[PDB]
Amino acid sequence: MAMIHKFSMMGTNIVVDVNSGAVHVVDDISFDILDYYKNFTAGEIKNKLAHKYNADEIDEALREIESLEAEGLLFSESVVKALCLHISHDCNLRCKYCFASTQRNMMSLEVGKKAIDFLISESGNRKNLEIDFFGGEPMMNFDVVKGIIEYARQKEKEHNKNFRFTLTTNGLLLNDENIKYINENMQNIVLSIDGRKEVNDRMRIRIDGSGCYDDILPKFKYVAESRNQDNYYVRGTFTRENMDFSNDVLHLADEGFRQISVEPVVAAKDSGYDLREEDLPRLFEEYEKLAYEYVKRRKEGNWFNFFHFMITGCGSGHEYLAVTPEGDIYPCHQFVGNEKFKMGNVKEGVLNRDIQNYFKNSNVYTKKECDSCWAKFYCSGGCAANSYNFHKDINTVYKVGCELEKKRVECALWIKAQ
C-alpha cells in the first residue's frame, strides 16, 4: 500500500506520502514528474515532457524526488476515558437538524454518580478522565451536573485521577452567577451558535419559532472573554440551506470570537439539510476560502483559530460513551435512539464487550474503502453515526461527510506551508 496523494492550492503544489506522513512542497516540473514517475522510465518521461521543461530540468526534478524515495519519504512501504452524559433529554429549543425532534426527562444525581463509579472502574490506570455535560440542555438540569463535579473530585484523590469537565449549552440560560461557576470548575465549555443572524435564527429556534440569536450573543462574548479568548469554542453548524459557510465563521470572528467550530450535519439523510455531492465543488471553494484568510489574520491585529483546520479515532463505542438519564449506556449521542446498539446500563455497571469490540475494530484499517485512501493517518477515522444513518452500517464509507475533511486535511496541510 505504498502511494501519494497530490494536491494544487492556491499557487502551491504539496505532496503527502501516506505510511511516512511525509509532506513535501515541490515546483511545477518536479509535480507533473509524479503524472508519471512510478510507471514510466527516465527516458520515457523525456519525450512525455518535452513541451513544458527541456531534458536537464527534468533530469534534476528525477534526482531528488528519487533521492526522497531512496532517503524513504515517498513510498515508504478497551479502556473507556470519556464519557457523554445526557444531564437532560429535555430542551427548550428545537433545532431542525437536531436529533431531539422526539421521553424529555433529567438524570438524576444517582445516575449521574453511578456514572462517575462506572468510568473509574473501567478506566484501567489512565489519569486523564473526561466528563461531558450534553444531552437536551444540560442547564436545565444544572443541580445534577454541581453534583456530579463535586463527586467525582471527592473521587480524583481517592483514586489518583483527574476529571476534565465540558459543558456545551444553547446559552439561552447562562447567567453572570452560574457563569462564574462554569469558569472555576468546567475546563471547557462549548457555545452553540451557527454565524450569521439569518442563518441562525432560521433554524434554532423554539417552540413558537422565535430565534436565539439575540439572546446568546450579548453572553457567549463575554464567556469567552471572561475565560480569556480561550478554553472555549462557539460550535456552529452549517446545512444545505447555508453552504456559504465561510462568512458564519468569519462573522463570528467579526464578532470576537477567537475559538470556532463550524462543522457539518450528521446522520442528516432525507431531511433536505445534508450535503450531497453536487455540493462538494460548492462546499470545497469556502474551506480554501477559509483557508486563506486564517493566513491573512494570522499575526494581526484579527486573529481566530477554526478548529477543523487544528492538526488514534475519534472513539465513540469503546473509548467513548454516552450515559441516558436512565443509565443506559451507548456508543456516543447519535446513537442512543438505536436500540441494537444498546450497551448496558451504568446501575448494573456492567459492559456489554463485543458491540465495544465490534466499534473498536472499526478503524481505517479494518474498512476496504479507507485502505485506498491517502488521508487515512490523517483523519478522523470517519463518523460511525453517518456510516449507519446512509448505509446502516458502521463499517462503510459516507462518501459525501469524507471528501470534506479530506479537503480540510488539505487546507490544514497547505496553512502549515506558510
Contents of the next structure:
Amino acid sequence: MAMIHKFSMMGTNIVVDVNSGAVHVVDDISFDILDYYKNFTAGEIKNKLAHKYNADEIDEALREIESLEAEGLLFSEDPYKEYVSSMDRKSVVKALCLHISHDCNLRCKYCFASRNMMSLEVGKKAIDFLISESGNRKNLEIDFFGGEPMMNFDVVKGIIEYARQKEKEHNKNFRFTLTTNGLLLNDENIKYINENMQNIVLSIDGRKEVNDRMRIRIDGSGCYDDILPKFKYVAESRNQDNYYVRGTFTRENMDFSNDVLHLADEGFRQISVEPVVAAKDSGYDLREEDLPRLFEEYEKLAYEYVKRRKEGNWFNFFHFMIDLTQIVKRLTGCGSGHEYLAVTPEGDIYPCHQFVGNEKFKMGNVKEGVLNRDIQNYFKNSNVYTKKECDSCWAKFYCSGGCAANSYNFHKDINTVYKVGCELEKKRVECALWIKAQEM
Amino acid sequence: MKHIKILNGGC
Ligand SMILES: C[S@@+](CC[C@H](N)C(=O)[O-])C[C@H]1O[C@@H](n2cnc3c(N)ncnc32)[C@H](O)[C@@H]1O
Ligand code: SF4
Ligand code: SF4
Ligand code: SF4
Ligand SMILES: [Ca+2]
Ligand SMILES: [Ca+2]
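Form solved in complex with its partner chain, following the form solved without its partner chain:
Every chain and every other molecule in the complex is listed next, the one we just looked at coming first.
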C-alpha cells in the first residue's frame, strides 16, 4: 500500500515516497506535518502543531504536500502490484560463479573455504550449461572464483578461449570477472588479466592490523605487505577503473570507516567494504546491540565521503552508489538459486558460493546439464514481493533484495529476513540518499 | 517548492 519513509541525518530532513521512488528534501515544518498528514484533517493538524508553528505557515506547507500527492510524488500507490501475480516464470540463468579451485593459500577465518582444481572439461561443461540455460540472452557473466582461482589459472584461460569461440555460433557475449586474494599476481598474468578480465576484485580488508587479523596464511602470518603493492599496480594499470578492492568487516572491526578511509588514503578509487555474511555463532556476526555504533559509523563515512568528493580526493564506495531513476529489479535480487548459480570443481551446481557446503541445496551437475527446477523456482519465488516482512518495508525498491544465505544461516529458511542485515541495508540506503542530497 | 525540494525530478 501507499507508504513513505522520512528520516533526518546530519541536519538534512529526507522523505522517501516508496512506490514512486521520489525523494524529497523538506524543512522542519513539513517533516512534522508528515507525522499527521494521512490520519488528520488540516484543522486538527493546525491545532496539534500550534505550539510550534503558526496556522499560515502550516497551511503553506500543507498546500505543498497534497500538491505533491496529487501528482504522485507522496503516498503514491504501487502500479506494478496487479502484474506480479506470476509464479510460472521460466528462469533464465545469466551468470555462473565458477569455483575454479577449492584449495587456497590462505585460511581467512570468516570464509566458507575455512581441495580440488576444476578441470578444463568441467569448465567447458559449465560454459555449455550457461549457454543452454540462458535462452535468448546475449550478455552472459562468468566470475572466476572458488578458493583462489589463480592457483588453476591455466584452466581459467582455456575457459575464456572456449567461451570466446562459442560466442559466434550462439550470438553470445561473455564478460569475465576474477576475484583473487592477490598472493599469486605478477606482471605477466596481470597483463593477461587486463587483456581478458572485464572486472577484477581484489580482496583486502583495510588497515594492516584488521586485514592480517582475518586473512591468514596457513602458518598464521598476514598478507597485507605482500598484496598491497600488487593491488595498487593492478589499480593503476587499469586507470583506476574496472576493478575494486573488496573488504569484509566483522564484529572485530566495527570502526570500519577507518578501513574504507585507509584504502582511500592508499589511492584506491574503487572500494567496497561489506558486512560479513553467514557468521551465526561465529564470534563475528554483527548483532542487534551493535547497530547504533554501526549506524554512526556509516554516517561518519558518508560525511567524509561528501567532503573528499567536494575537495577532489574522491573515491567510490559501492554501498553509497544508488540510482534515483527507476519491476524486473524488484523480483530478482542477487539472483542466487535461479539467475545466478555456483559450480564446484567437481561440477556440482549450488545457488551460490555460500550454499556449496550443503547437498540439500545441490541442484545438479554441469557434466550432465540437468537442473533441479523445483529448487530454482523456490529461490526465484522468494523475493521482495512475496516475503511478508519486505511488504511493509520502506526500502523494498532500493534494497538489494536480502541475502538468502544470511536468511538460511540465521533462520534455516531463505524466506525469513535477517533483521540485522536489513537494518544495515536500510541505513546504507539512507546514507546514499543523504549523499545525493548534499550534492544537488 | 518553498518547503519541499524534490531530489529526483557485492555478489
Ligand atoms: C570467497 S573469496 C574467493 C576468491 C579469492 N580467493 C579472493 O579472496 O578474492 C572472494 C571474496 O569473498 C569474501 N568473503 C569470504 N567470506 C565471506 C563472508 N563470510 N562474508 C562476506 N564476504 C566474504 C572474501 O573476503 C573475498 O573478498
Ligand atoms: S577468501 Fe579467498 S583467499 Fe581467503 S580463504 Fe576464502 S577463498 Fe581462500
Ligand atoms: S531491507 Fe530487508 S526487509 Fe526491507 S525489503 Fe530489503 S530485504 Fe525485505
Ligand atoms: S545469497 Fe547472499 S551470498 Fe549468495 S549471492 Fe546472494 S547475496 Fe551473495
Ligand atoms: Ca539522525
Ligand atoms: Ca532542523
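Numbering follows the first chain given and starts at 1. Just so we're on the same page, rigid core means the largest C-alpha set that superposes within 1.5 Å between forms.
Large C-alpha shift between the two forms, rigid core held fixed: of 277, 150, 300, 230, this applies to 300 alone, with a displacement of 2 Å or more.
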